[PDB]
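A.B. asks: Could you put the whole structure together from the sequences, leaning on the hints where they help?
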Amino acid sequence: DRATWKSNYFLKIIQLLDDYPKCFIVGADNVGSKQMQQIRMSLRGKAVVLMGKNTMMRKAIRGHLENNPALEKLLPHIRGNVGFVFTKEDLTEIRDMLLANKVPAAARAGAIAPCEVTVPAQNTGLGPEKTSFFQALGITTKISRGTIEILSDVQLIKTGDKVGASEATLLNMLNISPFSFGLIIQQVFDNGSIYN
Amino acid sequence: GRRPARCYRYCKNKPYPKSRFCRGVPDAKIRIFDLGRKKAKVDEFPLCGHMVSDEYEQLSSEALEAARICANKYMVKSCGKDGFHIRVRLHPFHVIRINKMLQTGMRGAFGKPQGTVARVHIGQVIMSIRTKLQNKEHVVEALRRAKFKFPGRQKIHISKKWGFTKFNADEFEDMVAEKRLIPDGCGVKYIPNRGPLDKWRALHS
Amino acid sequence: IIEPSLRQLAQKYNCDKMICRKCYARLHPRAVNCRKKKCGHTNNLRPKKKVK
Amino acid sequence: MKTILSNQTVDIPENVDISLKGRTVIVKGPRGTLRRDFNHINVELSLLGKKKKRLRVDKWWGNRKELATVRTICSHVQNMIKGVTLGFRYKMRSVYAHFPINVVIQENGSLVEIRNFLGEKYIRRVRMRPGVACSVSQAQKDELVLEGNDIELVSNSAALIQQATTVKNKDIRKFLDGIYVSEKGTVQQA
Amino acid sequence: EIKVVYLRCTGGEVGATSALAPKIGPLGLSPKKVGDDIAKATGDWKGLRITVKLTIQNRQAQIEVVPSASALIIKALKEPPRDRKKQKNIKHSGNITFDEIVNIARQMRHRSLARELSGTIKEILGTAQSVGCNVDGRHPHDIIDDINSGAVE
RNA sequence: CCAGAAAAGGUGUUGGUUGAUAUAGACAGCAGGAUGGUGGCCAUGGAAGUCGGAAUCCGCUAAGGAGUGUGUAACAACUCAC
Ligand SMILES: [Mg+2]
Ligand SMILES: [Mg+2]
Ligand SMILES: [Mg+2]
Ligand SMILES: [Zn+2]
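Line order of the protein sequences matches chains s, I, m, H and t. Following PDB author numbering from start to finish, the first sequence increments by one per residue and tops out at 200. Numbered according to PDB author numbering, the second sequence spans residues 2 to 103, 112 to 214. Following PDB author numbering from start to finish, the third sequence increments by one per residue and tops out at 102. Following PDB author numbering from start to finish, the fourth sequence increments by one per residue and tops out at 190. Following PDB author numbering from start to finish, the fifth sequence increments by one per residue and tops out at 161.
All clues given are correct.
Beta-carbon label-pair distances, calculated as ranges: (1) 83/I <-> 95/t: 27 to 33 Å; (2) 83/I <-> 56/t: 31 to 37 Å; (3) 173/s <-> 38/I: 52 to 58 Å; (4) 170/s <-> 20/H: 50 to 56 Å; (5) 123/H <-> 173/s: 40 to 46 Å.
Calculated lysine-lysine pairs in the PhoX-like style (CA-CA distance at most 20 Å, straight line): (6) 168/H <-> 62/m; (7) 174/H <-> 67/m; (8) 61/t <-> 11/t.
So these bits of chain H aren't anywhere near chain m, every CB distance computed over 12 Å: (9) 3; (10) 6; (11) 13; (12) 14; (13) 30; (14) 42; (15) 43; (16) 44; (17) 51; (18) 59; (19) 61; (20) 62; (21) 64; (22) 122; (23) 123; (24) 152.
Calculated directly from the structure, the hints in this document are not laboratory data. All residues carry an ideal CB built from backbone N, CA and C; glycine is no exception.
C.D. replies: Here it is in structure tokens:
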């Protein structure tokens, strides 16, 4: 049950700080479960990424402060959905792999937009049967060669706007979605030292 | 067909059973009294819930079967088709009478047998269900929705007895391990320290 | 003929309600007990039947 | 159970000058003054702190049916502070399937004539409340803006013109027309 | 030009119900030329549900079989295949054993939709009681064997 | 006595019994995930978690049911357990 789950989590965070003296305090903000499964399974030989209740990691580290007092610098740097990357491999190669493994996620029907979604004026591959998904946004379309030609560029979703459920579907069926979410690393712990 | 059951409700008359003197009694329509996986051992249905009456009244033999079907139909949905045992523990014996009018009047008044009814004392187990100890709320809800078929007032009490036995649950497996009572189906047999000694030898052999 | 966020604005006031089984009254969507004393603040509610 | 004491302080901001005449409060600031007598509510309103920074409502020996009226008083004082600092802008949009709802504003924000609702020829003349200024907003095609100080006047003058536009004897689930309250914000922001 | 399409065909018998035309016609080529070749190219599957990728170019598509973990195990259970008369309840008893289960786990491994092979044999032994099979005792018999008596790589 | 009411209910309110979970940070509430084998096997014209019958595992996990509900011809899209 949940009590022995917490007590096992204490053990599997005690031994993962007794093993690796080198850590990343990385923000797992709004990444997918499979988009973390890809990175976790890909770096399995070369990293161990860990998450959990931050108010549980506070007391899990304070149960080690009996032994290693250099872990106190981790405590003010656990706020928000932030977790651990444990390794004995590198200092910047797996950093660049964290930077390079981030995947452009699909446009959620209600997520905030970080960047200026627009569509280039082009001939898509949808076909004439699927014009009503452009008519819901008011895109002036033309049928050529059995597909749909978007005549002009459309600024449909701008930076810092709500992504509508109607205007999120045509991004999915045009198979372009600029929302690349990944790991947003901000605090490094390496042998009792912190760098940005 | 039959008159409303608010008429034949209180235990007014003497108990007047189907006998040599009262003949021609029409049969009470409850005839299956216990069901479920009634072919089971005592070890595998420990838990038991009783619908206990709290009025001295008469429950009709039709209401008994209605409540039995309502308590069965819930647990074939809930506990699977062989995860319980309902035993209705009120067989109806009191036949009730009817003076029907067609003009003679009240003269020569003694009723024909109409139906059979069960006279229920204060604090008496009407129905009882045994099942696993994990199906506790299923017994509670099944007896609750079977309460609405009876008139009057019933409470729901989950007993301390191992199933349909008269022995307590905290002592049942102890006494089985001590070989003081042996299983024979729905119930157990209690062995005293009083028999001839070959019956002691035959169970310790 | 109508735009979808406007029809959702209209139907949160017209459609998206609860309706009580007894007394037939109209309640807010997160309702558990009826408002009317005429039904005894009863507990059995239903949603409003959506249009087809 | 009578509890012995319930209280809840309300931080009034810097620009608001609040005073209280016995139990009747007066909140003054940029946009005007609001007065609302609580002479039904049977509490202790005390304006503690010099610089006069907090209002404090006390209830002594109250069961829960009258302890419920403490954050009620606090929320009326907070909506009384908000409508004098920031104001109350209720925007409300006219949803129409076929016939356009033609709203014209008369008596410089105090009367709303609603025309052509479902093609009907009866015109809805709805008077506003004293302190509320209706307007047809620019940069949005059919949106009414109700601005004022008292939230119980702004919202009631919204609900009047919303209940003036109802269907009769038809399926309300399909004839989804009328003016409906869309956004409940402040007039100026912070 | 280079494209890819998918279709979930039915094994050995050519499906008369054309699920081929509405995805091949607007791409240009004949669908009846291709959809009969899918079924003979599968061939040995012969009874089951089989997903098939087809990379399609300006000249022709290419027919190769996508493996499924529940389909590779039931082609390995080799029961006498019923014809199109389609009777009841073909529920899959029988005995498969551990070596060819590991060999199917090889293909789920090099699919690269997997963990290491000691985990893949567990998550594919779960498919044995999914289909309903019996390695003289299914994954409840195989809970504590792979715990400390594994035959893994 | 005796001159009128019941089964059934109530998030009205007041007591009372019993069991839970909660600073290893709960209940709400607002936000982020809600994955893979897999569109699990039977079946069905079509059932991809969501009409049906039995199963109900594993892996990755901080975590996610061979799925609580709304949906679909079937998906999709949303929602819930966690
Ligand atoms: Mg009558
Ligand atoms: Mg008598
Ligand atoms: Mg009509
Ligand atoms: Zn009601």
